[PDB]
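**Student:** Okay, here's what each chain looks like letter by letter:
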Amino acid sequence: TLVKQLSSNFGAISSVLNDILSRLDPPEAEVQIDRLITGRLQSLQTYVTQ
Amino acid sequence: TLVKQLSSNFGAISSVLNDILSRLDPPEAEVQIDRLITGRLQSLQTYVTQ
Amino acid sequence: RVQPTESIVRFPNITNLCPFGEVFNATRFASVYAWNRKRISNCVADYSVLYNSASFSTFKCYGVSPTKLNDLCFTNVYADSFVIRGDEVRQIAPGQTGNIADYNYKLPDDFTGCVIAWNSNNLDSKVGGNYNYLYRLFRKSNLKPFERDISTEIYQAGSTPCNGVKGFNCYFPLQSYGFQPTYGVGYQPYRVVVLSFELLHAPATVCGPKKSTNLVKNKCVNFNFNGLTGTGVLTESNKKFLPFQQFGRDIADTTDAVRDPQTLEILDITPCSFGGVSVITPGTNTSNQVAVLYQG
Amino acid sequence: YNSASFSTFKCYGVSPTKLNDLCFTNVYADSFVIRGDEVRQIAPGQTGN
Amino acid sequence: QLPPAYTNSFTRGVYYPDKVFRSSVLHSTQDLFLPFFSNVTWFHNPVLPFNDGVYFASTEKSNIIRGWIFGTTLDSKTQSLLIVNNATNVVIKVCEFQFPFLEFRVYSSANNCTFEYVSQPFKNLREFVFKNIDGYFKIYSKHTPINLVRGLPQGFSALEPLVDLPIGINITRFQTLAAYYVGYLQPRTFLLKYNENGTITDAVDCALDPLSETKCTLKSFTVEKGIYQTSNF
Ligand SMILES: *[C@@H]1O[C@H](CO)[C@@H](O)[C@H](O)[C@H]1NC(C)=O
Ligand SMILES: *[C@@H]1O[C@H](CO)[C@@H](O)[C@H](O)[C@H]1NC(C)=O
Ligand SMILES: *[C@@H]1O[C@H](CO)[C@@H](O)[C@H](O)[C@H]1NC(C)=O
Ligand SMILES: *[C@@H]1O[C@H](CO)[C@@H](O)[C@H](O)[C@H]1NC(C)=O
Ligand SMILES: *[C@@H]1O[C@H](CO)[C@@H](O)[C@H](O)[C@H]1NC(C)=O
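Protein chains in written order, with the deposited numbering: chain A, 961 to 1010; chain B, 961 to 1010; chain C, 319 to 614; chain D, 369 to 417; chain E, 23 to 66, 81 to 135, 139 to 141, 156 to 175, 187 to 241, 263 to 318.
One or more of the hints may lead you astray.
[Unchecked claim] Beta-carbon label-pair distances, calculated as ranges:
no., chain 1, residue 1, chain 2, residue 2, range
1, C, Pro-337, E, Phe-318, 51 to 59 angstroms
2, C, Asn-334, D, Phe-392, 56 to 64 angstroms
3, E, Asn-317, C, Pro-479, 43 to 51 angstroms
4, E, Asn-282, C, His-519, 34 to 42 angstroms
5, C, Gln-580, A, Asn-978, 52 to 60 angstroms
6, B, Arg-995, E, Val-127, 24 to 32 angstroms
These are computed hints drawn from the structure, not numbers from a lab. Ideal placement from N, C-alpha and C gives every residue a C-beta, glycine not left out.
The whole structure should be built from the sequences, with the hints applied where relevant.
**Tutor:** Printed below as a string of C-alpha cells:
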C-alpha cells in the first residue's frame, strides 16, 4: 500500500516530478510540488503509526 | 521537538505571526496564516498521538 | 492572561531625508541591459508622501502591503532605473519570464519590494527620434537574479564563426528604439524604477516618519524596537553584550533581550503571566458555590 | 543553414536555436517570385502595391 | 622569492556568524568557515588567487604597518581597495589605480573614486578574515599575544567583526604589502558552544570525520558507548 501510494496525483496535474518541472514554469510548479509533498507526507504518517 | 517545530515557515514568508500581520494586508495575510495554522495543527496532532 | 496597558515606539533619531526624488525625476535614465544602481541608506524615508500617485501607471508591491510602508522599516533599500516600452512593463515581475526578463533583468523569485513605473512620453519623446536607447536581445545563456552584464560581443549563430565580421549568421546583440510621439501609446517609452530591500537582524537605520516614546518599566505594555513588535514586560538586564550585538535569543530562539536604539542600553523581554483556570464544584444538586483555582 | 547563404533569413518571434525543441501543427508553405526591391514590401506591418 | 612552505593549522579561524546574542546554547550554523587541519601557505610578494574569503594570520613584534590591495585586474580598469594602517593616513579608499612596495603612494594616479573613507589618524599574533558577499565587505580580527618559536599555536580562539563595508565590487585576486599565513575558505557546517558569559569556548566540525558527524547529529560534545545512525549513503 505504501508503495502504491506513490503514483496517486493527490490533486496535482501529474504524478511525476520531472513532468511537472518540464511542462510548467518554475513559478507555478511550486504549488504542484507542494501538493505532492503533502500527500506523500500524509501517507508516510499513516504508515509508522500503523 | 514540539517547541522547535514553531520556528518552521511551512511555506509562509515568515515564521513569526506578528511579522506577517504588521507587513501584509488582511486579504493577503489570511492565505499566509492558513499554512502556518495547518502546519502547527499537524504537529500538535502528531504529538498527541505519540 | 493579562492585557497590555500601553504602546511604545522606539525609533533612532534621524534628521537626514531620503533622496528618493533624485532617482524618480532625473534626466539620463540608462538602458535596460545596463541598468544603474542606487544605495539609499541612513535617512528617514517618506513613502507616505510618494505613495500619492502623480502619474504612476503601476505601483504593484510584492511581499509588502503598500499602505504599511510608513510604520515599519527595512535594511539597505535599493533602487534601479531603466527605460522600457509600455508593452514590456509586465515582464518585470517575480518568477515570471519574458524575452527581456531573461536577457537583461531577472528579478529573484523571493523578491520583496515594488515596481514603480510611470509615463515618460510627455517629455522624453523626441519628434526626430530617441535613438540613444538600446536593449540587448541575444545571449548565449540565461541570466541570473540581479546580474550585471555590459560587455558586448558579436553574436554567433551555429556554424560560420564570426570573429568580429558582422557577416552571415552574425548579428549585433543590441537593437535600437523608435521612441517618437507619433507612434502609438502601447509603444511609448515608460520610466521604470524597481525598489529592492531586505529585513535583517542588523539594525535598520532607514525608518519611516514615526514618533518616539519614553521607556516604561515593569508593566505589561506593547513594545516596538526598529519595527519589531510583540508584547511583554521590560526589565533592566545584567547580561553584558558586545559592542556589535543588538538582539538576544535563547534555546527556544525567541527574542528576549534587546538593545535600546536611543539610549544604547540592554533591556529584557518577558511575556505576561498566564495559566490555566480550574473550578471546583461540589455538584449542582446541593449548592451553586464554587472555588476557582489558578494553575500556576 | 548548411546550404548557400540566403538573402534574408531574419526570423521574428521564434529563435532558430529554440525552433527544434518547440513545434506546431499543420505547417503551411507558400512560394512566390517578386522583384529584388520588393523584398521590403514582403514584411509584416508593411504596405505596398 | 622563497618557495612556499605548507604548515598545518590547529583548528583556528572561527568567527561570530551573526550579530545576535546566544548564551549557554549548542548552536548549529552553516556558513563559510576555515576547515580544520588544513595546510596553510607560509610565505616568507606574489599575487594570490582569492576565491571565497581568505584567512590572513601574521606574526609581528611591535605592530608595524600593514597593507593589503584587492581587485580584479589591478590596472585601473576595475575598482581596487587600499586597506592600510599608516601613520600619515589610514585611508580606506575604493578607486582606480595604476600600479610596488613601500614613493609614498604606490599608485600612479586616481581618476574616478567611487568611495573613500578616512578614519582617525594613527610576540603578537594577528588574524584577519575578509569576505565578499552580496555586495558587502566584512573584516574580522583578534589580537592574541603568544610566546613560542613555532607558528600558528595549538588552542582555540574566537574572531569578532570589526568593520562592514558596502563596497560591492568585483574581486578575484589578492596582493599584500616577519611572515604571514594564507588559507582559503569553503562552505561547511559548524556547531558552536557559547558559554554562560556569551563567548565562544569550543566548536566542532560536521564533515571532518565520522566521530565529528556523530557528535554533530547528537548535538553534544560527548558521545556514550553504542552504535549510532548518522546519515545516508
Ligand atoms: C539622538 O540619538 C543619539 C544616539 O547616538 C543620542 O545620543 C541622543 O541623545 C539623541 N538625541 C536626543 C535629543 O535624545
Ligand atoms: C440531585 O442529586 C441528589 C443526590 O442523590 C438527589 O438526591 C436529588 O434527587 C437530585 N435532584 C435532582 C433534581 O435530580
Ligand atoms: C597541504 O599541501 C602539502 C603540499 O604537498 C601536502 O603535502 C599536505 O599533505 C597538504 N595538507 C593536507 C592536510 O593534506
Ligand atoms: C569579475 O571579473 C571576472 C574576470 O576577472 C569575470 O569572469 C566575472 O564574471 C566578474 N564578475 C564576477 C561576479 O565575478
Ligand atoms: C565571565 O566573566 C566574569 C567577569 O570577567 C569572570 O569572572 C568569569 O570567570 C567569566 N566566566 C567564565 C566561564 O570564564
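**Student:** Could you see if the CB distance from E:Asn-317 to C:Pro-479 stays within 43 to 51 angstroms?
**Tutor:** Because 47 angstroms falls inside the window, the suggested range holds.
**Student:** Is 52 to 60 angstroms right for how far apart the beta carbons of C:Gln-580 and A:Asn-978 are?
**Tutor:** holds, 56 angstroms
**Student:** Taking the Cβ atom of B:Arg-995 and the Cβ atom of E:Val-127, is their distance within the range 24 to 32 angstroms?
**Tutor:** violated, 52 angstroms
**Student:** At the C-beta level, are E:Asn-282 and C:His-519 separated by a distance inside 34 to 42 angstroms?
**Tutor:** violated, 21 angstroms
**Student:** The hint says 51 to 59 angstroms between C:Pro-337 and E:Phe-318; measuring C-beta to C-beta, is that right?
**Tutor:** holds, 57 angstroms
**Student:** At the C-beta level, are C:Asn-334 and D:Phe-392 separated by a distance inside 56 to 64 angstroms?
**Tutor:** This hint holds: roughly 59 angstroms between Cβ atoms.
The structure is inconsistent with the numbered hints 4 and 6, although it conforms to all the rest.
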